[PDB]
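Worksheet: one structure, shown below.
Excluded from the complex is one protein chain; the other protein chains are retained at their positions.
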Amino acid sequence: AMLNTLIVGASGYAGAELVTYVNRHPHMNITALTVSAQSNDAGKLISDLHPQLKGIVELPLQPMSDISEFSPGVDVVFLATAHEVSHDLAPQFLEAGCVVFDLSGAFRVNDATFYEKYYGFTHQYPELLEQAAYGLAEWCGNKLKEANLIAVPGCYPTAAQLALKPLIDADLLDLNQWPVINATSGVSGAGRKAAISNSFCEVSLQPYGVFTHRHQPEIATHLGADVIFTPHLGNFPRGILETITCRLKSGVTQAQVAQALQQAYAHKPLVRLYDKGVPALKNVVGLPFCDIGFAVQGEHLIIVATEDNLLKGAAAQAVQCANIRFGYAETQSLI
Amino acid sequence: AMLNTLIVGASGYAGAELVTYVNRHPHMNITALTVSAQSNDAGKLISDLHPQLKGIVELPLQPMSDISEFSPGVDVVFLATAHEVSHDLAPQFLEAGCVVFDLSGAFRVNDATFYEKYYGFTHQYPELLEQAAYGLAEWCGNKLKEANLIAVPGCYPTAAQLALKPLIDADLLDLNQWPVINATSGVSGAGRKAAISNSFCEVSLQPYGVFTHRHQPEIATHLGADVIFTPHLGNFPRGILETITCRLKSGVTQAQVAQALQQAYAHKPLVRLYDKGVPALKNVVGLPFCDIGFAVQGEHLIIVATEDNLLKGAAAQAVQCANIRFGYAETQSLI
Amino acid sequence: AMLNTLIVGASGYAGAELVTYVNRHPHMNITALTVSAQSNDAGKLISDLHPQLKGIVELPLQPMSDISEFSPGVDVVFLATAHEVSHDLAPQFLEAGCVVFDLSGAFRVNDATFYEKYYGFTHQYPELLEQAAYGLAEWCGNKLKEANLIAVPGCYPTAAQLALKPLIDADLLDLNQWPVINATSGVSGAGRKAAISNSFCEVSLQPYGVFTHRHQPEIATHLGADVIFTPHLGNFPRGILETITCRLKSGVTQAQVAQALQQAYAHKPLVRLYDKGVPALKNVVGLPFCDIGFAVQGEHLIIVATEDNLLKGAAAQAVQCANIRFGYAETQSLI
Partner (left out) sequence: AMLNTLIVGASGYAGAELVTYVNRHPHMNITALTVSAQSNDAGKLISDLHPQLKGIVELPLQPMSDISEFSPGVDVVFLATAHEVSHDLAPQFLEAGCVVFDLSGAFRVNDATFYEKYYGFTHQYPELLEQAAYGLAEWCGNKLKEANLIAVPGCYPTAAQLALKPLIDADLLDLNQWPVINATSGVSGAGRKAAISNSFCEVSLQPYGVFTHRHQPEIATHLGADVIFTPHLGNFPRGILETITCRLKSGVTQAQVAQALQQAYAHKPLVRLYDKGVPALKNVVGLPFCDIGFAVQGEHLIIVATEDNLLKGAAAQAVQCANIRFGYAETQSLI
């Protein structure tokens, strides 16, 4: 048995990486790759837009308006789409009996104001918000193993929570000093699109979304702790490195922080813990891992987490959740 | 006395570099910087779009529809605009008594088919074509010293002709084998614009305009010799490196090629001739020079020419011609 | 049954990519990874130097002086070493009964002067030169299927010959005009090493080895045709793009060139032929393919070939040959 898999928004950068993994996956194959109804890319091959897939996957991109053209007989739907589209589509696919893995921010947080403030829309499916599993794979339980709607976390929130969650859960941080998360992403995180801001000559190094980015409250809500989160656009296509600075609870030691991380991740295959030193970004790009190292001096902690923004930050985590949902090896198709 | 200077298309990448030099120039200053009538940037400061100019030049960008708003009392007009715009505007500014330095391809070659084939328009000003000085500064005579319309050469044609012209003029090449010019440009050569092709993640290394680029016939017409010309888009913002491979006329030697170049360029300040070895691109970026080195083995020549595509390839050559036209030191404002 | 596999020079950049593939390969595993006798990296883990391998392969790097420490029971030896080392070691491993896949230039060409001129040493194993299979995988016959010494071609020669060989073999080029091969490589092609020339700030774009590079005569000897070959160091870590300009034999057409390439490569899985247009480098980096596109106008041909310099240009071709030698699927471990 193989899972029929629909990939919506397949022509974007995250979408291309989903096509790669699902094609490769021994237990899944693709029914269709869709674009929007009036997409200029309708009828082009996936490999025309993403030539790394030439000779590997060459499915045409089909324009989708009514989802009934694409829902019957589909086991898994990946929504590699922005929130408005995912808000509209996900309920329809669930009703058609599909298990939906939404990469958008649309179902990530069970809260109305969250959507009004940071996404600028009123959320129309409160029941789904309650039902959605937050697909932070290393930490999800069996709301996931048996959810039919999985909200895959954002790229920056993924590294951030992998670094911070075990420490906060062990009460190792003095949260009266909000953790400061500074992160730099490659430009693929902006999406495939012609805009001035992601135009080649416009990229160097700059912070953005200062005190405004929608990933900040996602990280704060899910960790149960206020944080500073400042993203930066760097002049490379792929990867996120996060440098995270905290005040430890008084008396907390290096060995104590190491114990908490060793216990969280030693049997988690997609998290690579550095015993000493801190990871370099190149060492994870094109791989599905999150790499984590840290240092302690006195009452301060600096923890550093890297990932490929399109892999553990998007497509690989999505597929990793599908593996958990459907009972396959957790890393199946990823490594 | 100072020259009143209008810069049309000031908000583009070449335009910003013209603003820098003209501001700096002791004998010129700026009356206005214009954008198109319905430009989204109308009313923004030049330094909002190009923050390297913050605190240096902060003139607002004015939308221009009727040129009579901007022509009276203007000594010099730089058209940092594409050919259609330059075709329309340049005749009007000349009639208003301005000396026009057009950066577009619109007046570069005295030939009708040239425009139909490579620019896809029928040229409406044959007399101007006859009158335009081709602003390849090291080689222009007194059609320039006294022209009122200067067509500034394209960026790739500039390095190409500086390398090849003295050799062809000394009959040192066997032109039965067309020179092969392979060049790589930084992405600023594509212009300021949101398109997929110059989007950050879409750039790596690729040839383009293969047997179609409009700079090929400009180079061939002006050199009086058929050439292969293949440009490549590289993943850096600024600079052009050209590697040019020729068959020498039988018996032609290294010393003979060196003599021809030494004689062409020894007293030309913006051309830096390498006695031995070949230039690296970083050594000219942000400078107004063209750097040239070469090697000979047997009957083959390899000559290598670099420039900053926006400086000697665009703005600096434009200003260099203005210096010649108006009698200032050739390098005034450039270095 | 699995092949015991020794990787000599494992700590270099090509060596790391061999470790990755051989680890992954279902029919091979690694006995040891070696460094030189007094290497500063002796005793470090492979994944300390190449952290992309963390949690995947963590074999220590062992210093090797006498090969008898490492030869018994070894089926396959990869020499990821420079020519002098490979010249000394390969004969010893062959005598111990190992099948040797040398990545160096040491056994690539059956000719003495070749070694004196371009490698600056007199070759001491003429019989081995006669015996070595040249591992250009798409073109090798059964000198390979049954060779015990395979000389893996250089990175630039690989793309060059894949583009040119089928055309020359079909007499489609006028070789009175030598093909001009201009290529740009990422800096990994320089090897892992601290030198000024591959130091970060020293890299931009520059030709090198002008009329001197050792890959030129390898390409010319094996193609049976004189060529110009000029490599360039570009400011990126991985990939080679070659732009190759030829004069066609009189009367030769686009369709005729396409037929020759379609017939050469249609059933060759690691060569991806572009029907129209020319490949972009990013689309092959991290993949084992060589991508080829071309254009014809009049009597000129421009053919463009890309590869990952460490994969099809080094490690993947090495492993591909091993697959052919030992009877595994040609792409086994590569894709």
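To keep things simple, chains are lettered A, B and C as they appear, and every chain counts its residues starting from 1.
In this section, a residue touches a chain if its C-beta (ideal position, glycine included) is under 8 Å from a C-beta of that chain, and two chains touch if they have at least 3 such contacts.
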item	value
Among the chains presented, those that the missing one touches	A, B, C
Contact partner of the left-out chain, one of B:36, B:254 or B:283	B:283
Selected residue (touches chain absent from view) among A:153, A:154 or A:239	A:239
Among A:110, A:182 or A:259, the residue in touch with the chain that has been omitted	A:182
Residue among C:24, C:192, C:249 or C:268 touching the omitted chain	C:192
Where the unshown chain meets chain C, residue by residue	13, 186-188, 190, 192-196, 198-203, 235, 237
Positions on chain B contacted by the hidden chain, ascending	50-52, 54-56, 237, 269, 272, 279-280, 282-284, 286-287, 289, 291, 335
Residues of chain A in contact with the chain not shown	177-178, 180, 182, 184, 204-207, 210-211, 228, 230, 232, 234-236, 239, 241, 243, 245, 247, 278-283, 285, 295, 297, 300, 302, 304
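Keep in mind that, in the parts below, only the chains that are shown with their structure count from here on.
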item	value
Closest chain to the centre of mass proxy, which here is the mean CA position	C
Rounded Å distance between chain B and chain C, as computed from the means of their C-alpha atoms	40
Gap in Å, rounded to a whole number, between the CA centres of chain C and chain A	37
Geometric centre distance via CA averages, chain B-chain A, whole Å	45
Contacts with 2+ other chains: residues of chain B	235
